[PDB]
Amino acid sequence: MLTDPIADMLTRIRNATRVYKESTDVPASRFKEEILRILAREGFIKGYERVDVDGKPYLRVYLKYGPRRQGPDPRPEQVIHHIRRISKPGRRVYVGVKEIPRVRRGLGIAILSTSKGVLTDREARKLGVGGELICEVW
Amino acid sequence: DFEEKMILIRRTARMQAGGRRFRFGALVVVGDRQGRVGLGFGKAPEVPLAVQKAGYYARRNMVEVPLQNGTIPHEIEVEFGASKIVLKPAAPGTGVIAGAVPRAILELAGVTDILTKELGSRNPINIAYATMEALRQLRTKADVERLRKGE
Amino acid sequence: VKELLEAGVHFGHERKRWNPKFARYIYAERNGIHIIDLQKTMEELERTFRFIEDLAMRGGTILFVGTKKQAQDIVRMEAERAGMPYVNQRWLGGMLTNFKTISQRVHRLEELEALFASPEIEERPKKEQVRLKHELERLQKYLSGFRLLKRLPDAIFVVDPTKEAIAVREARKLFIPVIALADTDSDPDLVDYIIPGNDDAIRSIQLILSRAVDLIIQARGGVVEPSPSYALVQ
RNA sequence: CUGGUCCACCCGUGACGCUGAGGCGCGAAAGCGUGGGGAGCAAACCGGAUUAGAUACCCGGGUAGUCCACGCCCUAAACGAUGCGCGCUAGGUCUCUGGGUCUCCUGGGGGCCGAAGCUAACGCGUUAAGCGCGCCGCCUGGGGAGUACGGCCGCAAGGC
RNA sequence: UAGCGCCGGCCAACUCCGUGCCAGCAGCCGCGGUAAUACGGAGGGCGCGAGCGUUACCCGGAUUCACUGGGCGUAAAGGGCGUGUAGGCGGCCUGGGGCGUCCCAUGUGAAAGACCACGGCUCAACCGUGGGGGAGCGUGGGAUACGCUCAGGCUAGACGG
Ligand SMILES: [Mg+2]
Ligand SMILES: [Mg+2]
Ligand SMILES: [Mg+2]
Ligand SMILES: [Mg+2]
Ligand SMILES: [Mg+2]
Ligand SMILES: [Mg+2]
Ligand SMILES: [Mg+2]
Ligand SMILES: [Mg+2]
Ligand SMILES: [Mg+2]
Ligand SMILES: [Mg+2]
Ligand SMILES: [Mg+2]
Ligand SMILES: [Mg+2]
Ligand SMILES: [Mg+2]
Ligand SMILES: [Mg+2]
Ligand SMILES: [Mg+2]
Ligand SMILES: [Mg+2]
Ligand SMILES: [Mg+2]
Ligand SMILES: [Mg+2]
Ligand SMILES: [Mg+2]
Ligand SMILES: [Mg+2]
Ligand SMILES: [Mg+2]
Ligand SMILES: [Mg+2]
Ligand SMILES: [Mg+2]
Ligand SMILES: [Mg+2]
Ligand SMILES: [Mg+2]
Ligand SMILES: [Mg+2]
Ligand SMILES: [Mg+2]
Ligand SMILES: [Mg+2]
Ligand SMILES: [Mg+2]
Ligand SMILES: [Mg+2]
Ligand SMILES: [Mg+2]
Ligand SMILES: [Mg+2]
Ligand SMILES: [Mg+2]
Ligand SMILES: [Mg+2]
Ligand SMILES: [Mg+2]
Ligand SMILES: [Mg+2]
Ligand SMILES: [Mg+2]
Ligand SMILES: [Mg+2]
Ligand SMILES: [Mg+2]
Ligand SMILES: [Mg+2]
Ligand SMILES: [Mg+2]
Ligand SMILES: [Mg+2]
Ligand SMILES: [Mg+2]
Ligand SMILES: [Mg+2]
Ligand SMILES: [Mg+2]
Ligand SMILES: [Mg+2]
Ligand SMILES: [Mg+2]
Ligand SMILES: [Mg+2]
Ligand SMILES: [Mg+2]
Ligand SMILES: [Mg+2]
Ligand SMILES: [Mg+2]
Ligand SMILES: [Mg+2]
Ligand SMILES: [Mg+2]
Ligand SMILES: [Mg+2]
Ligand SMILES: [Mg+2]
Ligand SMILES: [Mg+2]
Ligand SMILES: [Mg+2]
Ligand SMILES: [Mg+2]
Ligand SMILES: [Mg+2]
Ligand SMILES: [Mg+2]
Ligand SMILES: [Mg+2]
Ligand SMILES: [Mg+2]
Ligand SMILES: [Mg+2]
Ligand SMILES: [Mg+2]
Ligand SMILES: [Mg+2]
Ligand SMILES: [Mg+2]
Ligand SMILES: [Mg+2]
Ligand SMILES: [Mg+2]
Ligand SMILES: [Mg+2]
Ligand SMILES: [Mg+2]
Ligand SMILES: [Mg+2]
Ligand SMILES: [Mg+2]
Ligand SMILES: [Mg+2]
Ligand SMILES: [Mg+2]
Ligand SMILES: [Mg+2]
Ligand SMILES: [Mg+2]
Ligand SMILES: [Mg+2]
Ligand SMILES: [Mg+2]
Ligand SMILES: [Mg+2]
Ligand SMILES: [Mg+2]
Ligand SMILES: [Mg+2]
Ligand SMILES: [Mg+2]
Ligand SMILES: [Mg+2]
Ligand SMILES: [Mg+2]
Ligand SMILES: [Mg+2]
Ligand SMILES: [Mg+2]
Ligand SMILES: [Mg+2]
Ligand SMILES: [Mg+2]
Ligand SMILES: [Mg+2]
Ligand SMILES: [Mg+2]
Ligand SMILES: [Mg+2]
Ligand SMILES: [Mg+2]
Ligand SMILES: [Mg+2]
Ligand SMILES: [Mg+2]
Ligand SMILES: [Mg+2]
Ligand SMILES: [Mg+2]
Ligand SMILES: [Mg+2]
Ligand SMILES: [Mg+2]
Ligand SMILES: [Mg+2]
Ligand SMILES: [Mg+2]
Ligand SMILES: [Mg+2]
Ligand SMILES: [Mg+2]
Ligand SMILES: [Mg+2]
Ligand SMILES: [Mg+2]
Ligand SMILES: [Mg+2]
Ligand SMILES: [Mg+2]
Ligand SMILES: [Mg+2]
Ligand SMILES: [Mg+2]
Ligand SMILES: [Mg+2]
Ligand SMILES: [Mg+2]
Ligand SMILES: [Mg+2]
Ligand SMILES: [Mg+2]
Ligand SMILES: [Mg+2]
Ligand SMILES: [Mg+2]
Ligand SMILES: [Mg+2]
Ligand SMILES: [Mg+2]
Ligand SMILES: [Mg+2]
Ligand SMILES: [Mg+2]
Ligand SMILES: [Mg+2]
Ligand SMILES: [Mg+2]
Ligand SMILES: [Mg+2]
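If you read the protein sequences in the order shown, they are chains A, B and C. For the first sequence, position 69 matches number 69 in full-length UniProt numbering, and the numbering has no gaps at all. Count along the second sequence from 1, add 4, and you get the number used in full-length UniProt numbering. Count along the third sequence from 1, add 6, and you get the number used in full-length UniProt numbering.
Hints in this document: simulated from the structure, not taken from any laboratory. Treat each hint with caution, since some may be false.
List of simulated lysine-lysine pairs, DSS-like, C-alpha gap at most 30 Å [to be verified]: (1) C/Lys27 x A/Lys21; (2) A/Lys64 x B/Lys145; (3) B/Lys153 x A/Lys46; (4) C/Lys106 x B/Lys47; (5) C/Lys75 x A/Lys64; (6) A/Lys32 x A/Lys98; (7) B/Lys47 x A/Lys98; (8) C/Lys132 x C/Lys179; (9) A/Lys88 x A/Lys126; (10) B/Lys145 x A/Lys32; (11) A/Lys64 x B/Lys88; (12) B/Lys47 x B/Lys9; (13) B/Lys9 x C/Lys179; (14) A/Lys88 x B/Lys88; (15) A/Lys88 x A/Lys46; (16) A/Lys46 x C/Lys46; (17) A/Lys21 x B/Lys145; (18) A/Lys46 x A/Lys116; (19) A/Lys64 x C/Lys179; (20) A/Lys88 x B/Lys121; (21) C/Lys46 x B/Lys153; (22) A/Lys46 x C/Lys27; (23) C/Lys46 x A/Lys21.
Please construct the entire structure, taking both the sequences and the accompanying hints into account.
Below, the structure written as structure tokens:
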């Protein structure tokens with residue numbers, strides 16, 4: 001039945017990055033888009049694009065990574081080190097603009113839904129709106 | 005050549021017919037009070053030899069640390085299996101406020117303002133290892149945009 | 007040249023013993039055996055040999071390693087014929103990692119090389135002569151190819167990565183660049199400059215080491231003609 | 001007579017889903033009620049032997065029970081000591097079962113070794129103890145104790 | 001007028017005599033059984049000072065009830081197992097409503113207090129004046145992405161032939 005399509009997507013990306021895939025797909029959905037769109041615009045992913053598995057709308061999400069490392073375990077540093085859903089289905093989180101979180105002292109982002117649209121933490125303050133704190137990413 | 009400071013020198017032991025002999029733990033930190041830091045844990049049947057040995061390992065394993073006017077860039081939490089440690093940025097005049105271990109680290113790190121706490125376990129050794137990693141995961145604004153670029 | 011040559015009797019290898027990571031190099035699986043991508047191999051030797059080359063023109067010393075029988079002598083020849091260090095015998099804990107101490111042995115072969123050619127056996131009973139000399143033999147039986155190394159390698163050439171992976175670790179930790187021939191039975195990610203392709207058969211081994219060393223010599227000066235090996239092939 | 005489950009076709013419904021306090025049903029063995037049955041075995045019980053002693057281990061004997069019907073009891077190392085559902089995250093090999101012209105593949109099951117990762121370690125690892133979300137149950141120093149009081153259930157033993 | 005607590009470890013402060021599982025100490029670990037930096041006195045030292053110690057209780061440490069911020073294979077912890085009521089949670093597309101939610105405006109949120117500034121009493125405590133924000137609720141207006149809700153469509157869930 002799949003509980004939270006969002007947490008899923010976020011997770012799909014986390015599970016994929018760790019193994020360094022080039023792109024994991026995800027079941028398509030308008031609201032899901034924005035998350036990517038922003039997530040990409042800020043520089044967390046090379047990009048995304050609609051696709052189709054055996055007659056099912058999905059989304060390719062081309063992952064970004066750091067350069068190779070020297071020494072034991074040439075594991076390439078991540079571009080997404082951290083990603084986590086805040087407002088869950090079993091606990092909706094809502095914040096006023098006068099109280100929106102600063103992810104990793106500004107290094108990080110905090111995407112969130114709002115009456116004006118899905119916006120970054122900063123863009124939230126920009127247009128001065130609060131909303132459902134979706135998740136943060138750094 | 006840098007600075008030198010040991011966190012502890014414990015005497016471990018081991019059984020063997022007719023009695024017990026002992027090696028000697030010795031954890032030491034070393035740094036220029038200016039970004040370069042390295043931790044070391046030496047062992048040997050002699051206290052001096054042990055600290056001496058920790059000295060060699062210290063300068064071996066090292067780590068540059070992005071210092072913003074004596075503080076750390078962003079806050080980070082790092083769990084070394086057992087224990088866990090928090091690290092927070094603070095304005096000048098805050099001082100290094102932490103357990104004796106992470107102090108040695110951050111002090112010989114050249115850090116001078118920082119909020120911190122040891123949650124979870126607290127074994128000096130593991131908290132040591134933990135902090136090193138934590139700093140080793142600090143990232144300057146550049147590092148960020150530099151990775152988040154990929155031009 | 008480097009193309010159809012490898013394209014010849016030197017492609018593909020193994021079956022059902024492989025890191026899925028090395029799979030980005032495999033073309034297909036006919037006869038049940040992994041068919042390595044011929045072209046992809048050439049494409050790599052390009053970046054590789056560019057480093058092989060640059061590395062020699064610097065004058066930098068490459069350490070060759072191939073303890074595997076199907077390449078034991080194929081290293082010996084090509085490394086001697088290049089003034090470079092090599093080890094076809096059994097590898098050792100600390101070759102690079104615990105250098106100074108392993109080196110104490112090299113020096114010991116110098117000490118032994120004194121009496122192995124000096125009028126000082128007026129002393130030394132017949133008994134001592136035996137063992138003392140016997141030492142020297144195996145003293146050389148493992149060091150003769152490593153003994154010319156005196157500094158500490160600038161890179162390491164490896165016949166089969168997974169096999170002598172112990173070396174890779176030593177090297178890797180010391181931030182020494184890794185280059186090596188490697189079949190599907192290999193771990194592509196931990197090699198800095200990969201020579202994908204067969205490495206269990208003499209064919210591919212002699213072919214690679216050949217041009218590899220010839221590249222070293224050419225980047226240096228005085229290119230010539232490959233040592234005996236085609237007959238060794240039989 | 002009847003329950004579950006798996007595979008092929010992509011034919012029908014059209015979010016009808018997941019979990020689940022209380023409730024209700026099932027629930028090894030021993031044990032209880034009435035009636036039956038009783039070969040072998042066997043608590044208790046008797047004799048032999050061993051021993052300082054031997055209410056035990058070993059030996060000879062031996063009743064309830066073990067078997068059936070109907071009813072009750074409801075506990076356990078009821079153990080993978082791991083609640084269920086879904087999505088995601090390398091492969092290697094063994095085996096049970098189905099579909100496909102097939103040294104191969106594709107599904108559902110049972111095992112071992114292992115990517116990444118998790119772990120205090122042992123270890124786990126697409127049958128997760130990894131990465132995530134939903135829902136329930138449970139924990140919060142050792143002893144006193146699963147005891148006492150109360151309440152409920154039970155013929156009783158006793159259970160919650 | 002100078003006093004009190006302490007000087008084994010945590011914990012800043014060390015020697016000597018006496019003593020001998022006694023006299024005693026004690027917050028935890030422990031200390032005393034003839035040679036004690038742990039008892040008691042002395043010399044000296046550390047800490048504070050018109051105080052210093054003790055007892056009692058509250059919050060802290062205690063992320064040891066964990067919302068922030070924990071767990072449950074073996075450490076304390078998965079219910080014996082299923083069916084299922086209530087509740088909780090709910091896939092993809094579009095539309096109306098706008099409950100939740102976000103925003104703005106205004107009312108309210110007394111004084112005192114808390115924080116800031118400046119002034120008053122020789123300073124200070126104390127005091128005056130002024131400033132700011134405040135969760136929360138009332139009225140009005142607005143945004144509609146996520147939640148909800150009515151309505152419409154789909155087939156990836158589930159069910160069925
Ligand atoms: Mg890659
Ligand atoms: Mg940009
Ligand atoms: Mg200096
Ligand atoms: Mg220096
Ligand atoms: Mg010194
Ligand atoms: Mg070590
Ligand atoms: Mg040394
Ligand atoms: Mg730098
Ligand atoms: Mg730096
Ligand atoms: Mg943990
Ligand atoms: Mg402790
Ligand atoms: Mg402890
Ligand atoms: Mg760094
Ligand atoms: Mg840096
Ligand atoms: Mg040279
Ligand atoms: Mg001579
Ligand atoms: Mg002589
Ligand atoms: Mg060298
Ligand atoms: Mg060198
Ligand atoms: Mg890689
Ligand atoms: Mg021959
Ligand atoms: Mg049937
Ligand atoms: Mg039909
Ligand atoms: Mg239809
Ligand atoms: Mg619905
Ligand atoms: Mg029963
Ligand atoms: Mg029975
Ligand atoms: Mg009875
Ligand atoms: Mg009966
Ligand atoms: Mg009766
Ligand atoms: Mg009767
Ligand atoms: Mg009867
Ligand atoms: Mg009978
Ligand atoms: Mg009998
Ligand atoms: Mg008896
Ligand atoms: Mg008897
Ligand atoms: Mg007698
Ligand atoms: Mg008797
Ligand atoms: Mg008997
Ligand atoms: Mg019968
Ligand atoms: Mg009968
Ligand atoms: Mg009957
Ligand atoms: Mg359950
Ligand atoms: Mg079900
Ligand atoms: Mg078949
Ligand atoms: Mg087919
Ligand atoms: Mg076919
Ligand atoms: Mg078919
Ligand atoms: Mg066939
Ligand atoms: Mg086969
Ligand atoms: Mg296959
Ligand atoms: Mg099959
Ligand atoms: Mg299977
Ligand atoms: Mg199978
Ligand atoms: Mg296993
Ligand atoms: Mg591993
Ligand atoms: Mg699976
Ligand atoms: Mg799967
Ligand atoms: Mg598997
Ligand atoms: Mg699963
Ligand atoms: Mg686990
Ligand atoms: Mg566990
Ligand atoms: Mg208790
Ligand atoms: Mg108690
Ligand atoms: Mg208790
Ligand atoms: Mg108990
Ligand atoms: Mg208890
Ligand atoms: Mg009981
Ligand atoms: Mg009871
Ligand atoms: Mg009572
Ligand atoms: Mg009472
Ligand atoms: Mg009672
Ligand atoms: Mg009764
Ligand atoms: Mg009865
Ligand atoms: Mg029970
Ligand atoms: Mg005091
Ligand atoms: Mg103190
Ligand atoms: Mg002291
Ligand atoms: Mg007395
Ligand atoms: Mg006396
Ligand atoms: Mg004395
Ligand atoms: Mg004494
Ligand atoms: Mg004391
Ligand atoms: Mg005293
Ligand atoms: Mg005094
Ligand atoms: Mg005073
Ligand atoms: Mg308290
Ligand atoms: Mg408390
Ligand atoms: Mg608390
Ligand atoms: Mg806990
Ligand atoms: Mg669980
Ligand atoms: Mg308890
Ligand atoms: Mg259950
Ligand atoms: Mg149940
Ligand atoms: Mg249980
Ligand atoms: Mg029960
Ligand atoms: Mg159910
Ligand atoms: Mg329901
Ligand atoms: Mg919904
Ligand atoms: Mg609902
Ligand atoms: Mg709905
Ligand atoms: Mg709507
Ligand atoms: Mg309305
Ligand atoms: Mg307002
Ligand atoms: Mg108020
Ligand atoms: Mg107000
Ligand atoms: Mg007001
Ligand atoms: Mg007020
Ligand atoms: Mg207050
Ligand atoms: Mg004024
Ligand atoms: Mg004044
Ligand atoms: Mg005056
Ligand atoms: Mg005022
Ligand atoms: Mg005011
Ligand atoms: Mg307030
Ligand atoms: Mg206000
Ligand atoms: Mg309200
Ligand atoms: Mg709408
Ligand atoms: Mg209708
Ligand atoms: Mg509908
Ligand atoms: Mg279907």
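Next item on the list: Check each numbered hint against the structure and report the violated ones by number, ascending.
Entry: Of the numbered hints, 5, 7, 8 do not hold.
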